[PDB]
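Given the sequences, and given the hints that come with them, work out the whole structure.
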Amino acid sequence: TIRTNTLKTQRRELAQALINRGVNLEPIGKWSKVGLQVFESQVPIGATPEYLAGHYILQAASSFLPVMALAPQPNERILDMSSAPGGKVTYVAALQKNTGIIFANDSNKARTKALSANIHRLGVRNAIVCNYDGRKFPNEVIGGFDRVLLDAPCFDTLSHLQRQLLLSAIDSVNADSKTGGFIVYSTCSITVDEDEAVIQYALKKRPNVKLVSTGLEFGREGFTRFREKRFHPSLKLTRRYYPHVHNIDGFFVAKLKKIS
Amino acid sequence: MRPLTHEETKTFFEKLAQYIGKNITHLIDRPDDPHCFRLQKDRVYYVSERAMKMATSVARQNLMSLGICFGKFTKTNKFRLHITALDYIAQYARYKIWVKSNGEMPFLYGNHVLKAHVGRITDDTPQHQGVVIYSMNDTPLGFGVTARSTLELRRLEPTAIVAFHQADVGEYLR
Amino acid sequence: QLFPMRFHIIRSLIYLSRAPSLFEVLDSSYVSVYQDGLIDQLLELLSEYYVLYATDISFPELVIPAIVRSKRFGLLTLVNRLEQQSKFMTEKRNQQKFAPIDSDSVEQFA
Amino acid sequence: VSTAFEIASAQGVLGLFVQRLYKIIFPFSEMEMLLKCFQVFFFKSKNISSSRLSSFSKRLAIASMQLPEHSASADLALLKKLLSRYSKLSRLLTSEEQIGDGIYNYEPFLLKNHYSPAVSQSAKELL
RNA sequence: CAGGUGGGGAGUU
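Protein chains in written order, with the deposited numbering: chain q, 266 to 419, 440 to 545; chain l, 1 to 174; chain 7, 482 to 499, 508 to 521, 549 to 589, 601 to 637; chain I, 562 to 574, 583 to 598, 629 to 704, 721 to 742.
Any given hint might turn out to be false.
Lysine to any residue pairs mimicking SDA-like chemistry, simulated, CA-CA at most 25 angstroms apart [what the hints assert, rightly or not]: (1) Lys53 (chain l) to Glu341 (chain q); (2) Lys15 (chain l) to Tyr172 (chain l); (3) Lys592 (chain I) to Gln482 (chain 7); (4) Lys587 (chain 7) to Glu695 (chain I); (5) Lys362 (chain q) to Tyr88 (chain l); (6) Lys22 (chain l) to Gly388 (chain q); (7) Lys614 (chain 7) to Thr693 (chain I).
For the record, the hints were derived by calculation from the structure and aren't laboratory data.
Next comes the structure, spelled out in structure tokens:
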């Protein structure tokens, strides 16, 4: 799957170019109006002139879903906990139409250089590349971001790290922002202890954060009761995708709104 | 992270004018947003006021990149080492040379634009003047210096070379 | 002296319809007790015209030349109201991302 | 501005003049002179239609809500007969540089509701 | 008030 950059070219133009280049591509469902799924392509997709020019960027449908769930607004301060690999940042910048301030943070310098190269290829001009810890970013680097995008990596140590990152994202999210203090948490795995337990822990830690519907037209609802573990009623608003259900890589998406 | 000196700014201004002419003032002054040039390490970056405000908090060593780079500042104060400014310079390019598909592949690979592969010219391109290479779809391709004028290129052998390539969009992935 | 007659004609035209003349009257040396009353009448007529055209998707675009003229030239309240209307129209236009063929969505927004 | 365009139009051969012409549209909102200037600008070899003409024409379309319908139709026909394939000039378009005073990132819908009945027919024909 | 940035400036080796 390749996500077409709206800031570079239109979806119809990209599809026509792919057809001319001999790549069989179709829209990725109805949820995404720009994602194109390539079935057959004689020429290399990554070596295509459009890909080199930045017309299309190879991104997963599940990865593109968190950007839609976040729904960044123009002229807004959106901070991403994990800038790598840059596909989500590019999608957020395309949605923002090169407006506002995008805080791209990557703890790994090796991935940060690749993300910066991808940003330069995509043509994003309002993105800032920084290398700092996500937990310390809300208090030591900057806070009060209008939107928060916590693409937590996806076992006990990872869950503890994810909970710490979620708490920092909630603190970095400004509840007084005009666009609203919306924080979108995404995971690369469908583990209950990684997604549902972290969401419940974050909700208990921060009463000012309330779970809200992610707005995704597809995805399994969050589990409220799993064996002896029971989750909050608002946990059902989370969207869960499975390889055997949504025909895409397993991911969990949650949306939280900060009131105070 | 350093403010650009007057000598450094003047060194790059002539290089920018070599391709955009007097159109550099359009990017220099913009009341809509204070987007200006800044110097981080040896890479000059054109960033907005908010970007500079955001990149202010970032450390000079930590901030690897920001905005769009206009090229590394070498020892001899040379520019265009990075082709990230091709999109910005495309809108303000004084001379544009359209190359057919025959030379489009060599241009992407970095080969010089041959006379036989030149499709359209601005008809007023001086020799050794900074111009912008373009494709049939009006898409920017790269940076090329033309050592010949249209008056002599109107009657030239196919094997002759017109514009020598210096940067290309293919360098992004190469 | 004839400004009140023009204001009455403008009000009648606005009712029948339901800007350049109003801007000229507002920018006139008389407008820019009787002068205050004429200015208030012109502001009311401008507000009525803005409200009538507020339903249009291009309301911020049409009012843009008037906003620039008003900014260059009660007047502050009218300018702020016009700016708020333009911002709301721009937000509605941004939300209405439907293609020109699907004019029903624009009509529904209108 | 017309004199400057005429001087530049001399065979065998101006940004401030272009900026002044673009900004003078709002105070105007003479028609023959404006049409001749637009035709001369269109007649310029490769000097226009590089995505800049659409930005310039956006203000003209916005200002076209007034004045005689014949003048508005001629202004619309100037871009209708243009060899450029751009079609977003009558809708949302690219960033509006050169002072701006407009949407950076509709008119025909409001133009249909006009005193002249032929305005709606012209808008429908353009659409 | 706290934090970030800070061969920009001032001061130490």
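Quick rundown of the hints versus the structure:
no.	hint	result
1	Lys53 (chain l) to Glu341 (chain q)	14 angstroms, holds
2	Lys15 (chain l) to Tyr172 (chain l)	21 angstroms, holds
3	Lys592 (chain I) to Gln482 (chain 7)	34 angstroms, violated
4	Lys587 (chain 7) to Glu695 (chain I)	20 angstroms, holds
5	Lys362 (chain q) to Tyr88 (chain l)	16 angstroms, holds
6	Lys22 (chain l) to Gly388 (chain q)	24 angstroms, holds
7	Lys614 (chain 7) to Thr693 (chain I)	19 angstroms, holds
In this structure, only the earlier hint numbered 3 is contradicted, and the remaining ones agree with it.
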